[PDB]
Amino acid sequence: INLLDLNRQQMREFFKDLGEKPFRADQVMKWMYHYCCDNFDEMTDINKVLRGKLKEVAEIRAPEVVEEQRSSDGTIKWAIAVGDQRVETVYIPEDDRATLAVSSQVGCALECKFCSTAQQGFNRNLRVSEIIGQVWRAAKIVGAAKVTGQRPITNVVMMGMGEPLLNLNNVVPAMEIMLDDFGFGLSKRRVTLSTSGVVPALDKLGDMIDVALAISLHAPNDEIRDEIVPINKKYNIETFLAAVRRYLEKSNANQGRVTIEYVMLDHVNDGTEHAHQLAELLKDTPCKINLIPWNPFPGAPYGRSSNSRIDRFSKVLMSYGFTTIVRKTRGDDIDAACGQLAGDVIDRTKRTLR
């Protein structure tokens, strides 16, 4: 029994089940997440008998890091071992903050055409310990909170491999741990779950946890979205934005706005005609816009909008009063930029034959 699979409720449960008081769950979480301890013999403020009781009944096993790559950006990407397979995790330092992109499945069940995770197939969901484990290893490797004196991580984004809303069972507990004060103590506002639009699971999310929301929109109408982000064929743009607005109603994390992700595919969806449509489309949705220049990956039929097109496109949106930021491209030299995470996946869907 591995305590990295457990959130606070559950660890309390666990400690009651050992005839021991529930504040013990707070102590152990502090060692685990504030110091990145994987070793009960260091928990100096737990009496020696219980300290030993734990070693018999439980453990703290994060997946192992088996690769590391540094970019001129400063950006780092670690590959973690997940049985025979690998998912990948990205650390992004900016001046006043540090951000971890976290993987949430082994590949992705979805088929976005501009995504490299999509082109590897899909194997399985990640367990809680394999999600929060990514935040655990990255915190230890960077410099643990009460070990260097600084928060190693200030923001997390569920923007690694996989679609988060197709693994709510594990995504939510893991986000719960991130937010927890005896966990990493991060902020609602600085944990951004991004989703391609699995509407029912978003409604479900609303009833489970309040967390900042971004959406992989990527087109200004269904005819295009059908082609690049195929799940649109099952939950279309209007259905999705309705769901989004349902989430935003009951959410402090988002501060009344959703972040719109829109990847910039050269001469596909990135002309000023599209910006005009996009502005219209979003007239009834309080948001801010994040333009993402496309990051390439082997075999793709696409190209990256030139900066002139991006610049023009963004200015149209700005005419209509939208906050429009171009996401700086980070980790491209090591295939760690958004979309480039292929990991190592044993596809179980036969993505190839088809």
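Numbering follows the first chain given and starts at 1. In this text, rigid core is short for the largest set of C-alphas that superpose within 1.5 Å between two forms. Residues that one form lacks are left out of the comparison. What changes on going to the form deposited in another entry:
Core-based superposition between these two forms shows that, of 144, 282, 202, 112, only 144 has its Cα displaced by 2 Å or more. In sequence order, the one region between these two forms where at least three consecutive C-alphas each move 2 angstroms or more after rigid core superposition is 144 to 151.
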Contents of the next structure:
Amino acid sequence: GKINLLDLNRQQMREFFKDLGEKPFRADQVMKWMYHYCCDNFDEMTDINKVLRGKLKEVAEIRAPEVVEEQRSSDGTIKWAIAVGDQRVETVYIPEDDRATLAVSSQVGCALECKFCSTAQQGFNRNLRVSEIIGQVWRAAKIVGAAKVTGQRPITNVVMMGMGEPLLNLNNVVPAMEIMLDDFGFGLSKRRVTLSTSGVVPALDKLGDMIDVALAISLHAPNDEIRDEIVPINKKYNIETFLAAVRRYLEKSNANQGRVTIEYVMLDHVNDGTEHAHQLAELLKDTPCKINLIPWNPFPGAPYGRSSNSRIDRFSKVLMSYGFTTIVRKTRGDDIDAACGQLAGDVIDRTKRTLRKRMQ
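Return one more block: the form deposited in another entry, after the form deposited in one PDB entry shown previously.
Coming up is the bare chain, nothing alongside it.
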């Protein structure tokens, strides 16, 4: 029953050190070792006297989840499977010219049932602990830091775009993000830590009272009827209820700089027509934003196709004629099922999704 320090943000680690009679600055010191240096062994922490180091071994540990698989894409993308009990979730490293980004998982699977997502096909088991979330970053930083490969930069950006809906795990997601932003943690910017959500609107309001981070929304449709089909949570919280919650978040936010990112997956002949772009432009006219079009990444048994490049191009041309910043998300790591939406992991579904499927 040793306490894992990877579960604690700054505040909780101060109060940890206040107990057992130590001063607040110890929290600062140990976090620097853990996060600036990827240190999991108290012996190596020269900042601290040998008495307090031997004392920490008694009551504490630094335990990130194990990497059990690595795959490398031809485009530079790396996917790691991390062991989480008997199950697994994925972490994805994305090197770009001027930056490097890590996509992190928030849940063991997902319970939201989006029809175009491989993670949904796996079902849902549970939420990840803080240590299991920030541990992905820790473990990726250590692996990337060791092998000094050409064009393989340290992590500058983090996206909550792995397995699971982050807003359904605020207890653990928020503290993990706090450690990403903390100067004594990873020291990342507000503006380059982006949480993506499908729209759990009461939770988005809660998020606003807890932490300010960059925000992307999984819109994927120009109207409620199409969205009800592909992103079922739109039935409980429709587009306007969601867009309103977004505008509330933006009002308090330095991280978003006045703009939400609109995520929009391009499904062939479903939501991808010129007609739909016009309707989407109208829909977003009162929501300051940037549009990120995502070519659909396939998975086994999916009833969709990827929008052709010409259909995507015409869709974006339309949007640009309405004055919207419009970017096609380059597909990264699809040769190793690491592209957005292809993260299957290894999940034990607790929602009886399989036995429900056969009973129609």
